[PDB]
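Trainee: With chain D held as given, fit chains D', C and C' with the ligands onto it using these hints.
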Amino acid sequence: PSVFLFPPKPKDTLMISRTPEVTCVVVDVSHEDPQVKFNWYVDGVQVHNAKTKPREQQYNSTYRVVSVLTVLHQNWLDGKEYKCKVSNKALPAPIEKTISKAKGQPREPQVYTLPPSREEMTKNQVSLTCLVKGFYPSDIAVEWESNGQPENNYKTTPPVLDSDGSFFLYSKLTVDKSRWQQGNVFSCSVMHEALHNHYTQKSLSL
Amino acid sequence: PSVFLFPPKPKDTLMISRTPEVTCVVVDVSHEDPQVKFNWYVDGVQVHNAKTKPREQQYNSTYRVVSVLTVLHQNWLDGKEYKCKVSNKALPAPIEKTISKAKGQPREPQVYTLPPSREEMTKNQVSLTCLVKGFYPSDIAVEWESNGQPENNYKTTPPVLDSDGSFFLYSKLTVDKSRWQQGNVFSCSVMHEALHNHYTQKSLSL
Amino acid sequence: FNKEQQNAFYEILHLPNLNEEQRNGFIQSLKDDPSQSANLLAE
Amino acid sequence: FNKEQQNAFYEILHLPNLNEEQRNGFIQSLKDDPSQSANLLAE
Ligand SMILES: *[C@@H]1O[C@H](CO[C@H]2O[C@H](C)[C@@H](O)[C@@H](O)[C@@H]2O)[C@@H](O[C@@H]2O[C@H](CO)[C@@H](O[C@@H]3O[C@H](CO[C@H]4O[C@H](CO)[C@@H](O)[C@H](O)[C@@H]4O[C@@H]4O[C@H](CO)[C@@H](O[C@@H]5O[C@H](CO)[C@H](O)[C@H](O)[C@H]5O)[C@H](O)[C@H]4NC(C)=O)[C@@H](O)[C@H](O[C@H]4O[C@H](CO)[C@@H](O)[C@H](O)[C@@H]4O[C@@H]4O[C@H](CO)[C@@H](O)[C@H](O)[C@H]4NC(C)=O)[C@@H]3O)[C@H](O)[C@H]2NC(C)=O)[C@H](O)[C@H]1NC(C)=O
Ligand SMILES: *[C@@H]1O[C@H](CO[C@H]2O[C@H](C)[C@@H](O)[C@@H](O)[C@@H]2O)[C@@H](O[C@@H]2O[C@H](CO)[C@@H](O[C@@H]3O[C@H](CO[C@H]4O[C@H](CO)[C@@H](O)[C@H](O)[C@@H]4O[C@@H]4O[C@H](CO)[C@@H](O[C@@H]5O[C@H](CO)[C@H](O)[C@H](O)[C@H]5O)[C@H](O)[C@H]4NC(C)=O)[C@@H](O)[C@H](O[C@H]4O[C@H](CO)[C@@H](O)[C@H](O)[C@@H]4O[C@@H]4O[C@H](CO)[C@@H](O)[C@H](O)[C@H]4NC(C)=O)[C@@H]3O)[C@H](O)[C@H]2NC(C)=O)[C@H](O)[C@H]1NC(C)=O
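Residue numbers (the entry's author numbering), protein chains in the order written: chain D, 238 to 443; chain D', 238 to 443; chain C, 124 to 166; chain C', 124 to 166. A prime marks a further copy of an entry chain.
Isolated chain D, as found in the complex:
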């Protein structure tokens, strides 16, 4: 067996309207020994369930077992340790796994919105760019809107660490040349811990 432990989605720890989950994905366990007692600790303390919810899957030639501990937004943002432990008897030792966030001291992102190049108006689809820089931790969420409503047509690059010791990203909205030329408002909406209400937005208009 092998125990992976994933974080909550940054959007989901950021937004009180959302619900953050710490997912402990073990792939193996075996038959004759399926009896994997999940153990969930938060900072020091065991949480019993704390609404822990393992749902059994029957895969490969083996079992895929996952328990999802739901987290308080506050706690993870204040970085507690989310320690997953998997038991069994076919398993000589309790497989331990700790997550928490980054640990650094938050840095507020810089959101500048960049228009298409003139050489790109020779194309009849253009691209809209948002540069988000100098944030920390890497835990961010950018999205795009048209006029006031969701644009599904975007691609965001992974946060990559800059010379600064910060993170940066780009997000590229591809719109129609006409759709830009008609002076239509576009906007990139960035969500990170170190923003005004965990939320900000910056507009691109012709």
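All the given hints hold, so there is nothing to weed out.
Quick partial rundown of chain D' residues pointing at chain C', CB under 10 Å, derived from the structure:
id	residue
1	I253
2	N312
3	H433
4	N434
5	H435
6	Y436
Restraint ranges, calculated between C-beta atoms of paired labels, are given here:
id	chain 1	residue 1	chain 2	residue 2	range
7	D	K246	C'	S152	50 to 60 Å
8	C	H137	D	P395	26 to 36 Å
9	D'	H433	D	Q386	35 to 45 Å
10	D'	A287	D	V422	56 to 66 Å
11	C'	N147	D'	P387	30 to 40 Å
12	D'	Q295	D	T256	48 to 58 Å
13	D'	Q294	D	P387	50 to 60 Å
FYI, nobody ran anything at the bench for these hints, they're computed from the structure.
For every residue, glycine included, the Cβ atom is placed at its ideal position computed from N, Cα and C.
Mentor: Then chains D', C and C' with the ligands, alone, in the frame of chain D:
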């Protein structure tokens, strides 16, 4: 044991001045059975050495063995199969591994250079952006220059697949606000298979 | 996102003197009744 | 990069009718003597 097989660096298969290598990294092998006969095949044919060069390392609690097959630029660009095979006796079966490039039909990258935002001239370091889009395969190499000479101060994002079925990237040159304002020439120099001589360059100037 | 549920959430999260349980309470009642989401602050 | 070694390399690489060995030869002599790097084309 486990046999990983890495590609040549795209720059190194692109530039005739460079030399492309296909690196077969196995981590294990064991003692009492170190006798890992590397087998190197190109398309169908075994290459003997073909200047194959395994150099022994003594790690962890186990051995880290690597053989580096040097490739003809032409062959890899014409996508032959670089098949690495690791033998032994502690190993019931010849561990086989095939690489080659993408396979698609090349698409030529679009290189537009983007100036800093006005809101960013309120900072006294600005950022220079090159958007490289709509290429295929993902095998590309971007670099930056100042006036005519290398800038070491850049960060390139990983190629990420766009809606198109193409790849795109951004590369961010951070320069001094003054260094930009003095109308100094900057330039992003992109290298990909589907470019004029595997090479192109696009300039940012105030 | 939507509401001042989060605007309220933010504040109560960044309350310097709103000690632990004092905070946790306010944030949780604030998940439970967004309506009441406006009810913030002790210290 | 530097030279027309590569400019020459490019061409000989993209020669439509420069069949296999006919190409491989030209490209390799072109690694061996960049000087001669200008020597390109059969068909
Ligand atoms: C028997 O079969 C099973 C299943 O096989 C499939 O295929 C068969 C052909 C078929 O017949 C079926 O059996 C079946 O369809 C095999 O299982 C696989 O086992 C391997 C390991 O052997 C696993 O690989 C690991 O994957 C990790 C990443 O996992 C994510 O991505 C994969 C790929 O998409 C997904 O499959 C997987 O489910 C994970 O997705 C993420 O899941 C979480 C939880 O659901 C999501 O959570 C969100 O949570 C929030 C909460 O608010 C919210 O609710 C969201 O909605 C949720 O979605 C999250 O979003 C998902 N992510 C995305 C993008 O959607 C790898 O990280 C891991 O790699 C690390 O470890 C290995 C081992 O040590 C290292 O070699 C590797 O380098 C790396 O190490 C270090 O890890 C660090 C952390 O990543 C990293 O930072 C560090 O840099 C790195 N170090 C280095 C040096 O690089 C590994 O690759 C597979 O995931 C698993 N497959 C499945 C489907 O579960 C089984 O092996 C097989 N048995 C055999 C062969 O014997
Ligand atoms: C005993 O110890 C050793 C060593 O341990 C160190 O640490 C100890 C604490 C210490 O005491 C010492 O022992 C020692 O310091 C352990 O070895 C490690 O073993 C693991 C596996 O168990 C390996 O992990 C894999 O790594 C792959 C990536 O490898 C590159 O990155 C790592 C991290 O930087 C490097 O370490 C490594 O050397 C590789 O670098 C690249 O190397 C090549 C060749 O040199 C470079 O080539 C260039 O070539 C051109 C030619 O022209 C030119 O010459 C250039 O100059 C050259 O540089 C290349 O540039 C390097 N790259 C860079 C960026 O520089 C991972 O890909 C691999 O993960 C895949 O497989 C696992 C297993 O199945 C999956 O779980 C995982 O998901 C992933 O699967 C799939 O892979 C696809 C391909 O990547 C991917 O596309 C796909 O998405 C993915 N699928 C999914 C679902 O995600 C894996 O993580 C370590 O590399 C190795 N460490 C070392 C130092 O070698 C040993 O295990 C241990 N024994 C034990 C614990 O029992």
